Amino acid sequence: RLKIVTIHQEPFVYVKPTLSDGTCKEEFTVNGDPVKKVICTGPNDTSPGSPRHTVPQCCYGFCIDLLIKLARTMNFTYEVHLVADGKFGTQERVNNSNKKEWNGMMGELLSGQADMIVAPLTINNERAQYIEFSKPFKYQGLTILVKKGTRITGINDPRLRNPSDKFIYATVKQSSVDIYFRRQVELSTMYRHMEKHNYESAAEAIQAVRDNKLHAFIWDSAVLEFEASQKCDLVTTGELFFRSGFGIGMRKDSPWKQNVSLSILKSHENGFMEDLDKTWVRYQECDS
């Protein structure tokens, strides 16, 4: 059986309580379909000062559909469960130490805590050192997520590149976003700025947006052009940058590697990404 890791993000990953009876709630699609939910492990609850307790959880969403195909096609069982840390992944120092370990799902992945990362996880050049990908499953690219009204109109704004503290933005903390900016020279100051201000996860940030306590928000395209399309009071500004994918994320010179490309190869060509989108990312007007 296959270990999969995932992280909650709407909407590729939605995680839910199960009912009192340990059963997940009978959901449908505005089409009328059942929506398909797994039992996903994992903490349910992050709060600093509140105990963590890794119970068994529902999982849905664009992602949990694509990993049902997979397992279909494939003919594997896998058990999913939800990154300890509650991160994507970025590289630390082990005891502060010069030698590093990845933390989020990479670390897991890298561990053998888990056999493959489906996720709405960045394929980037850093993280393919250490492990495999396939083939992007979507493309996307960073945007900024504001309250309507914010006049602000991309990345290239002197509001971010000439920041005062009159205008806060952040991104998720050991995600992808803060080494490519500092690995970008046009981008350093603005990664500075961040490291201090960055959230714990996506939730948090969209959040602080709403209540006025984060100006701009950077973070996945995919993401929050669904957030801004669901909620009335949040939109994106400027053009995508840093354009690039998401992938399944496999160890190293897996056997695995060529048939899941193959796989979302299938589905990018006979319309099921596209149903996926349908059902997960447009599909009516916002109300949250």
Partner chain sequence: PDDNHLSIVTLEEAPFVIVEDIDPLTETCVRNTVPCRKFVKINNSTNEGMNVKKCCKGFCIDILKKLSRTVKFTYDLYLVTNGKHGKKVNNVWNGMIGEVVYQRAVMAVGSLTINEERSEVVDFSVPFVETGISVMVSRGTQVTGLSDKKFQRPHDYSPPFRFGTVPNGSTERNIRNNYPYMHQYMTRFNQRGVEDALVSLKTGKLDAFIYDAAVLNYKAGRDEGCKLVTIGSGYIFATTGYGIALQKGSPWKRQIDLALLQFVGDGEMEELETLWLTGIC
The other form holds:
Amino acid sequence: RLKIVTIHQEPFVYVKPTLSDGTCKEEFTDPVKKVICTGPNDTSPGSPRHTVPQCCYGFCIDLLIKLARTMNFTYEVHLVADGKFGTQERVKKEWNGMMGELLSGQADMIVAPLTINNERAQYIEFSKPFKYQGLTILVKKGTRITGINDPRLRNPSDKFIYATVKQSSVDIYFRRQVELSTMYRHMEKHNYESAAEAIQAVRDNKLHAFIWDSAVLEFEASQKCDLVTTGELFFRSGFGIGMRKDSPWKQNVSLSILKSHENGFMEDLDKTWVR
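Form solved without the partner chain done, so how does the form solved in complex with the partner chain look?
Coming up is the bare chain, nothing alongside it.
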């Protein structure tokens, strides 16, 4: 019985309250498949993590169900306690987020829009990509930015605020990059706890540019006409299922993902949740 960790991130993972009887609202596009996911009710920094049953659905949840049926495993899903994707921080060295939970055995598998990168691959097994995407920039329909090489990002100030999500593999990449220095550290001053908070902050003109996953941002702009992406995809990369290096499921997870790309299932998910 596998412990699955995921994270709130539309349209990959929706998170809603249960009904009063503890089940999930019946919804339809075909029934929307939903799972009970436990998660903290307190989101705040440094707070006690009181877990409660919630309802989870979306692209990643459909993928999970496909995996579990294909490979014949049972599961329980929970939202990552600290609310984060996962970065490695000096304490000597520790992973936070979903990465931390998988490495500690709190999770057996990460099923989330988790970017495959070198730093994480040193410690965990990633599947072949279930989605290919990259980074883009979300702004208010109004703002005009060429892209990631605009002067206002390259040589920034307190005039034009931009940011990403904390303890994501975007965030630590900017803090770490030499040519990024003035933006690297600038985003440190404005980074958000979650993508949802960043997106709303763009709508309320508190954040002028949000650097984030194209799969999430393009979806947000398709729904909210006051938001637009700008510039080309950059840092093109994949999302992968995350498992411990000695997981016995690792081969079959990748085969299943490859099978699903090739037979149109991943395209079906893209038409259900993204298109």
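Residue numbers count along the first chain shown, from 1. For clarity, a rigid core is taken as the largest C-alpha set superposing within 1.5 Å between two forms.
The comparison between these two forms, aligned on the rigid core, picks out a single residue among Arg183, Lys213, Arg161, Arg72 whose CA moves by 2 Å or more, and that residue is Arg183. With the core held fixed between these two forms, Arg52 has its Cα displaced by at least 2 Å.
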